[PDB]
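S.K.: Each chain is listed here by its residues.
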Amino acid sequence: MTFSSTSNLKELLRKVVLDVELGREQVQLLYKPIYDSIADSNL
Amino acid sequence: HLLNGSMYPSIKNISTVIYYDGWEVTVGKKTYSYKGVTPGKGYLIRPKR
Amino acid sequence: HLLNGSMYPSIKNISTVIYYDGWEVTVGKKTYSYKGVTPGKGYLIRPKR
Amino acid sequence: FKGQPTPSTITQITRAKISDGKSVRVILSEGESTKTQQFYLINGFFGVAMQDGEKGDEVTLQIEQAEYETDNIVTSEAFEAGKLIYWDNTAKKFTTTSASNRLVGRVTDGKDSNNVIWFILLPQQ
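Chains H, G, K and L supply the protein sequences, listed in that same order.
The opening position of the first sequence corresponds to residue 2 in PDB author numbering, with each subsequent residue numbered one higher.
The opening position of the second sequence corresponds to residue 193 in PDB author numbering, with each subsequent residue numbered one higher.
The opening position of the third sequence corresponds to residue 193 in PDB author numbering, with each subsequent residue numbered one higher.
The opening position of the fourth sequence corresponds to residue 3 in PDB author numbering, with each subsequent residue numbered one higher.
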């Protein structure tokens, strides 16, 4: 009674997730030191 | 040192260097070898991520 | 000392240096010479193992 | 020992037996594949493939010469107890036809209603 017989039945076996870094890099605002900001809704 | 009056500074942020020369054993008629780092070549690694 | 800007530091890990010049004697008409270290040569030794 | 202070010599003490030999490792060809706990003739070794091999992977074949329950017979033939049982590689099924087939065992329990047989696995002649 090898383990390979029961390898397919994943519901029986313990599940442990390989924890790892996932996601996407945050986007920073770089332009602001160069630019003078003027804000008016009626432009 | 100051080769030709050029002060080369020390290299930093290399926290640890490990020297892995290979390993070999002759068990029975067969020789099993775990190849180490080739001379000259080296590997710069980001650790344990 | 400094040479053309190159700073050659002192060599470390040489615990002891011994200058074995030869030894010679003229016994009768035959001269017996224990040849020392040849000038312009030298040997590094791992000691007493 | 590298850089050891003196020369030294090593003398090999020979021994022949390396493993009990009840099972062997084989590498699967292009057309070959295995499901676990099923009989396959791979690289001349006939045995119970212990793991799912697919192709390129190395799969263990278990050749202990024990008694095995297999079915997977050519159902047209009657497998009386004691008959020599062969492996038809073209059909990948057991058979008593012999002819050019490989001999693999001898039947202990005959063909039952469900076409299940028990047979003793013969050596890898």
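Calculated from the structure, these hints are not laboratory results.
Just so it is clear, CB atoms sit at the ideal spot from N, CA and C, and this is done for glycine as well.
There could be a bad hint or two in this list.
Using 25 Å as the maximum straight-line C-alpha spacing, the simulated SDA-like pairs for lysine to any residue come out as follows [as the list claims (entries may be wrong)]:
hint, chain 1, residue 1, chain 2, residue 2
1, L, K19, G, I203
2, L, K37, H, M2
3, G, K221, L, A101
4, L, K19, G, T218
5, H, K16, L, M52
6, L, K94, H, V21
7, L, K37, H, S38
8, G, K222, L, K94
9, G, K221, L, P9
10, K, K240, L, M52
11, L, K4, G, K204
12, G, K204, K, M199
13, L, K24, L, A80
14, G, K222, L, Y70
15, G, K222, L, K37
16, G, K221, L, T62
So, partial list: chain H residues that the calculated Cβ filter (under 7 Å) puts toward chain L [said to hold, decoys possible]:
hint, residue
17, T3
18, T7
19, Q29
S.K.: Next, verify each hint and record whether it holds.
M.R.: Going down the list of hints, with the structure as the test:
1. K19/L / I203/G: violated, 54 Å
2. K37/L / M2/H: With a Cα-Cα distance of about 14 Å, the restraint between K37/L and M2/H holds, given a limit of 25 Å.
3. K221/G / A101/L: violated, 40 Å
4. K19/L / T218/G: With a Cα-Cα distance of about 16 Å, the restraint between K19/L and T218/G holds, given a limit of 25 Å.
5. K16/H / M52/L: holds, 23 Å
6. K94/L / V21/H: Violated, at roughly 44 Å.
7. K37/L / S38/H: violated, 68 Å
8. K222/G / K94/L: Violated. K222/G to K94/L sits at ~36 Å, over the 25 Å cutoff.
9. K221/G / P9/L: Given that 25 Å is the threshold and the Cα spacing comes to 23 Å, the pair holds.
10. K240/K / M52/L: It is violated: about 58 Å lies between the C-alpha atoms, which goes past 25 Å.
11. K4/L / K204/G: Judged against 25 Å, a Cα distance of about 32 Å means the pair is violated.
12. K204/G / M199/K: Holds, because 21 Å separates the two Cα atoms, which is no more than 25 Å.
13. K24/L / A80/L: Given that 25 Å is the threshold and the Cα spacing comes to 30 Å, the pair is violated.
14. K222/G / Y70/L: The given pair, whose Cα atoms are some 35 Å apart, is violated under the 25 Å limit.
15. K222/G / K37/L: violated, 32 Å
16. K221/G / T62/L: holds, 23 Å
17. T3: holds, 5 Å
18. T7: With a minimum Cβ separation of about 9 Å from chain L (threshold 7 Å), the hint on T7/H is violated.
19. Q29: Violated, because the Cβ-Cβ distance from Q29/H to chain L comes to roughly 46 Å (cut-off 7 Å).
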